[PDB]
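Only one protein chain is missing from this complex, and each of the others stays in its spot.
Labels run A, B, C and D following the written order; every chain starts at residue 1.
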Amino acid sequence: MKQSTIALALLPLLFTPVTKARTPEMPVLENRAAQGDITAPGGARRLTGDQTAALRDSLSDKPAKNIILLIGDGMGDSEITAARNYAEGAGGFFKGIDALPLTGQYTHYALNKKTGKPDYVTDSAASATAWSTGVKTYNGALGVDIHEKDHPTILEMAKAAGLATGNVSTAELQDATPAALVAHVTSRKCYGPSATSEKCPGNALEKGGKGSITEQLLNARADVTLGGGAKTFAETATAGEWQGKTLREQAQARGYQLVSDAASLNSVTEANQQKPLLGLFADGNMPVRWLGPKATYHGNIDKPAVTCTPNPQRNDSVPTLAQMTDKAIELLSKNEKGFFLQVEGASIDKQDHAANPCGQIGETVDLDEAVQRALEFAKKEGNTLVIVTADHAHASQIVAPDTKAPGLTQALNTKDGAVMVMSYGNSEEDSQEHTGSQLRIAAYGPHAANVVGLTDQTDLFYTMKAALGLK
Amino acid sequence: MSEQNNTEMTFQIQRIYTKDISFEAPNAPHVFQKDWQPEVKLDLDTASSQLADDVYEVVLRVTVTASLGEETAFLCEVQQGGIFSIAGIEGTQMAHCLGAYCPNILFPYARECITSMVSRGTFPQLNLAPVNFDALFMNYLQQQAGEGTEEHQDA
Amino acid sequence: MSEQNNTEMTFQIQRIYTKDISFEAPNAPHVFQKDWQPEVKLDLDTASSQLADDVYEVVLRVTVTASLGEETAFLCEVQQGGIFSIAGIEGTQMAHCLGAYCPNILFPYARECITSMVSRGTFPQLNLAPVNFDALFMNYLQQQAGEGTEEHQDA
Amino acid sequence: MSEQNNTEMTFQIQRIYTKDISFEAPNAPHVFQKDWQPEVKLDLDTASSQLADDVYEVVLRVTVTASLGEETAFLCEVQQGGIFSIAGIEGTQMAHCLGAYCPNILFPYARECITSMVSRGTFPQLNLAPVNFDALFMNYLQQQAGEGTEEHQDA
Partner (left out) sequence: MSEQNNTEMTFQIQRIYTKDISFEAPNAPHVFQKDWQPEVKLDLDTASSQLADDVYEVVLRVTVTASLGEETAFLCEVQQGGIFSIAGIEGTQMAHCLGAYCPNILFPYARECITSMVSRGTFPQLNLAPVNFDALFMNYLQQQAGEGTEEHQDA
């Protein structure tokens, strides 16, 4: 179960030791706050509640992403590609541009301009350590000698792992790739087909367990939910780069490679210098071949339909909400908090006039609207007929607010001005509940022998001595 | 995590590795008669451990159950862990960092480690597609937080 | 899908795989006396041919020329190829989608392939830093005036 | 190909694979702050099963562990299963051929798997020594050899 075998979904919850990954609310779901848990009964549990008001859509629709390291030279291409995916197909191959000729299909001009000179990129920035555990002893025990850690050298550099050092990641250019017309405010439209998302990817609501035939569950109906660069990706944006190479690299970028380095003394102490005696492998009377029948292309091959299926419900939706706990945390202390470095003043002003949602004067609403809203989904199929155009502002996003919000008076009970650390939260407690320690499964059991019995409590007649692999 | 030398966030990748592996093939020999891509059941989990101030080691557990027809083929599971200094961050860029930047570098390793246990069990080639975690959790923390006027009293 | 298409570029990753791989450690047991991160040159080249209808295969040569001290550590290279479907795009930008974006997809998995072979050679774990060859090959496209009109019968 | 050895009666491996793998490293990010004094446990286990006509199996379960009191460093357990087509011979020959000799020949392959999966946790390598049950088998059988059609080149 779970539509598309080649999936990943998401994750139950974000990383708790970082901080609480949810904003607080006051009017749950309804901004108008109708509020009526029948009277004596409460109705359905609807613990999620506010989650249906939490953005809505933007599954496959990407408003942002990033992935760099300590070095990363780059410049965004002029194409502006809307990617997507649809592997296998299992019918018609493809359609469109019959001839696909590159300027140089084979590299006659070459992408690499020959390693002997700085092509463009040269410098690298990373750190790691190798390993050993040198075993010993042959007779009786095939490894019993505590031998690995030789006396540590000055090699331990500490600063080997430099703390990012970007700077560019704020006051130059952030992602903001769907900066255009959006039929929602944030996400939907701008460019590409957006999160089209053929229905809620529920598979069978939650799990399903066992359904009739594979026609429902993936193997028949495998129209992928966009995936593989679903919205845009590689849109005209600078990653910030910062760590640029240029010709100034010459110190390293001279050439400590191809000619070995400056120490190239023509076979230094590696080729024949290390060997005095030994003259085996002159000939061997043991051939290999296939000693029995074989078939490489027997099977065990298939086309894995690669998809990005998030599924609104993974295994069970837990109460994903952390408000304040302490309460007086809103009042804060000397901290200020109101200055959040740099942030955009929402979408561009005058863009959306609130014509697409609008609303209605539901002062006292009856069950008529509550039930018909289940039926009205048919009306919603037609989309916003009124296409919201990209109506620009005089002030560009970040400069749209004239005055900043001063903290204290703006209590802001979800910012840096917080107390009680994380209010306990959750540690490595439930690690045992994750199928941990319990004998949940051990294949099924012993299938037993046939040609022999082999039923003896002593496995072999050698109590083999350990001490062969340490930490 | 204070204010002093914080500015905004404290990020660095210190180490990449595996913390835990599992692979149980009850029909390991029985695969010979069944040649196709098996039924796959994906489950994930959130495990972490605190090492130091701002240094948290966060783990992506990826459980894969495989079945050829209505019979289990094999079972596989990886915990792609990593030592990181990740704290101080807030607002929109929080979910954008630990939901986009961090998963996209750790994913090929969890994926390959699964595919390796499968390929060591000598089963049909099974490798998972790069999904976008970023927006999925980014949506869940969106509730009118764009205009933080608050308006309680003063203090 | 495939049918019921509209007037807009369509793009589908069909298959991601290694057509060719290399890892060569000439000074291997000599250079294991050196325990630190190898000094790596990040070196990229490409190659390709049409072997598909409305679909084109582009191969990214991700090359790692690493050295420890006054000698070469190892020489690693992976021709990570991919079958990418493209249509609804014209001019130079047409084929530059596979000449930039498509092998940029392949690069995180090229990193993974190399990293594993580095650790198989008992060298310190090498995680390749991401880089856009996009900029370089973009220049090489506008730095060609061959023009066969048609040709292309071979490749 | 067409030179299937088969000395009338023969033991012939058709497949070798890891049926079961297990790695537990609770103290994977704690390995550095803890003492370099682990107690390395080894455990021997052997079982066999029928799969098909003249198609048989023997599994070698090697269990490697390193622990420091209650806090375990790592676990490395590999049920290196092997499909052995064993027939033509009987009695104490086949009893020790699959019961003692087959798991001993699986020991290099179990060593390999353990070495790889522990190194995936970025823990140190362990290249266990060899032991010769081939000599032991022929020695206990008659030493002089003969009757039993041994796998033998021209020598």
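Just so we're on the same page, contacts are C-beta pairs under 8 Å (C-beta built on N, C-alpha and C of every residue); 3 or more make two chains touch, one makes a residue touch a chain.
When the full complex is taken into account, the listed residue touching the unshown chain is A:291, out of A:237, A:291, A:343 or A:393.
In the complete complex, the residue from D:22, D:27 or D:125 that touches the missing chain is D:125. Check C:40, C:73, C:83 or C:106 against the missing chain and you find that the one touching it is C:83. In the full complex, subunit A touches the hidden chain at residues 132, 134-136, 138, 274-278, 280-281, 284-286, 288-292, 294, 296-301. Listed here are the subunit D residues that touch the chain not shown: 1, 13, 15-17, 105, 108-109, 111-113, 115-116, 125, 127-130, 132, 134-135, 138, 145, 150-153, 155. Interface residues of subunit B facing the missing partner chain: 115-116, 119-120, 122, 125.
We take it that only the chains that are shown with their structure count from here on.
Each of A-B and A-D has its own count of C-beta contacts, and the greater count is at A-B.
Between subunit A and subunit B, the centres computed from C-alpha atoms are 7 Å apart. Computed from the mean C-alpha positions, the centre of subunit A lies at a distance of 38 Å from the centre of subunit D. Counting only residues that touch two or more partner chains, subunit B has 13, 15-16, 24-25, 49, 104-105, 107, 130. Shown for subunit A are the residues in touch with two or more other chains, namely 67-69, 85, 128, 131, 228, 306, 443.
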